[PDB]
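Of the protein chains in this complex, all but one are displayed in their positions.
Chains here go by letter, A, B and C, matching the order in which they are written, and residues are numbered from 1 within each.
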């Protein structure tokens, strides 16, 4: 099976397996796991922040950040098609008791003026806007890169209003490789950032939240409350350190494979836009096919290719370390066969 | 005094209401022993063709206990993108029920049935369960617009197929009914619960009512207790409510006629208004062609003796009600005319 | 019917009925109801606080106070048999996301030393103790008065720890009448005080919360969220002013009637302890009767007396304005006849 469903399916490299087996560990609840401690120190340093927190998943990373930045009844401004709003089981309402305030965005970039208008005036009928979330390499729009200038202007707006800014940077390294903007620069215009180690970076488990000392202390207590307070998590952190320090550069290979995939799919005749492919995702439309997205995903599966439908007429293809050029070439042969059948 | 066009919530008690309240037969509602509250609820249920009803201190509580009784923690509630529950209820749905709003754009409060269908979440571990669809009749933000019965009917059909609850925020459902000629029981027939206000156009000093099935109302009553709405001798308030429900509905037509007159005349003056959009007691005025924004115009109006609310930086809302007579409207219009000269 | 079920059943006096009819009103959401404003002004003044907030019920008064004093995950120290812990539908957990930390007490008085031990130390595993609640004229213990010294000592402990103090003073005036301690004296040892107007004071609806301006502003927003933001509530406030300003002194009559009732019931042969009757409540045990509390309550109803069973062997009798000495004497004749039948 050629897995193009997501970059979450990446498996540990041999270097990672050895590192986990030889991991120096301790009880993290007491802050005594050396490897977890080093991963957090490294993560904080890399993002230009004073502190960091390791978590079991990007969802918990986002949720502890929301809890640490807000109070019950607050409102959180976020992009209309963001992961926090659509794919996190409504956790923000249950855990933090906060309201989402959706703002339309163009490929992840909310117009600064719209953000300004989304901030609630001081009134008894309205919740207090205390957080603005930005997702970089906006998933739903096809792994699009949010311009640094966009984040910079929103940060200015936030500062004037005393509002916190959190970047959902699950794939922030993909954004950095594509844009040439160091992650510490994106983070310089945010109060906190969550990034995943378990997707394109290939770690088996976990993400990290970076930010100020006080913020992280609150997020650490939130993590304890949610059930993320683990013991000898250094076994996971060992692979995390390798993901952070050795798996970033090669992300360019995933981007190269995504573009190649898009160009060939277009050449075949599929409804794809190579010009929109800047990171590791390709959106394919079923508009010119005698079947919808769901029916096409089924056809692909029966032929050996796995992918997810994101709407009734759109499917998402995602490249990563475990889908080589060879697999991309094989996938294309299948796509070519299916095009003749469904065009 | 001032010409108050800010909202219909400012209506004061009629002479008949004051006497009824002061002479109300009461009891302890916690024991379900207040005779006036009981009669108000019986009358409300009957009027909407439902089995039961619950008196609450505000429309906000009416909506929130309904949301609580219809949902479980983590569920999603589909509602109109500019609805009151979403924008003006202090984020209560999140704090009180732990639910997520699922905004669906609507044309004048009417969410496209197919859009509602698409908004229902598929069963997936990543997604919360869609357990409630809320509809606001005479959608406030759009200008007191009337949601067509057929729209509500279509959404009900969709909800039923999916086992989803339907709640109508009918704060001004009687205005909708007067304008459309559709009995409120018909709108309610396509919903599981309906909340309606007695304290706005109907002129009661305090209160709203939620109507629905017996079991739902029992659950809503427990939610009311938890929220702090379980009052004692509330019969004092229910006395005015009975009069509002039974004698103040027909005259809403007068408020509509006044709002239409106001809109037509504002249009003649040259203001950015759409008389064709005015079917109930509200008029939206845009300040696009004025040399001042909404807030600046509101201040100028206040300075001239007219009260109104800005609903955006370019829009103002004018609301008619029992306490603004046709003569008051004429006076406001004469002022609106002079201000047009000053700001045009 | 002679209603001894509770003081909540009190009906409006003729004075109140007239006041409600001619009450000057306005939209309270805009802070424009003159009568509500005067009631809050008078209440704040009466308890020596900066501000006050009118609410639909004592339950909401307690809940908006908890919300205004706490943050999600905090702990609230309260008496093990208090109304907030027992009869408020678990609202503190749902509305504020806080956890109760029950402390046993002797007739409503928690041992100051136990309160100190209940304060959580700073640790990632523990919620932060941010509030201590005290109930005066403790309901479940039979309308007992909490000593001023107890409240004074707990206030000292709270201050030393930066913890807020809330007095559930639903029947604080009854406490004051019995102890001779002015309500301002009680209030001085608390950050906030909730007191009911709808019980012994005879108003038909409402309670009031008093405290500092910032606290009341937060409580007012909580009231809006909960659904307590009414419009022309001046009609209710008119009766409320009369309840607060003219119905306090006569509470002494309820206390006298309760004691008289108790002394005579004991004389008849009922299991009552007149010595325990400190305010307007009398606890009657049914152990020596041929039927239990529920069966006896039914026999009483048949004879024209209403009361509530609080357990299988206990009945609570409560006196109030609508229970005159003549009603007490008539009730006693009924109790006399029933003792002949059920002893």
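One rule holds in what follows: a contact is a pair of C-beta atoms (placed from the backbone, for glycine too) under 8 Å apart; a residue touches a chain by one contact, two chains touch by 3 or more.
Note on the chain not shown: across the whole complex it touches A, B, C.
Only one residue from C:41, C:125, C:290 or C:301 touches the chain missing from this view: C:125. Here one chain is not drawn; of A:89, A:131, A:157 or A:289, the residue touching it is A:89. Among the residues A:52, A:131, A:230 or A:242, only A:230 touches the chain that is left out of the figure.
On the side of subunit A, touch with the chain left out of the figure occurs at residues 5-6, 8-9, 11-12, 17-18, 20-23, 25-27, 29-30, 55-57, 59-61, 63-64, 88-91, 94-95, 198, 204-206, 221, 224-236, 239. Where subunit B meets the omitted chain, the residues involved are 30, 68, 72-74, 97-98, 125-126, 221-222, 225-226, 230. Where subunit C meets the missing chain, the touching residues are 72-75, 86-94, 97-100, 102, 124-127.
Quick note on the criterion: only the chains that are shown with their structure count from here on.
Between subunit A and subunit C, the least number of touch steps comes to 1. Inter-chain spacing, taken between the CA centroids of subunit A and subunit C, is 52 Å. Mean C-alpha positions place subunit B and subunit C at a centre distance of 35 Å. Subunit B has its Cα centroid 41 Å from the Cα centroid of subunit A.
Multi-chain contact residues of subunit A, defined as those touching 2 or more other chains: 72-73, 97, 124-125.
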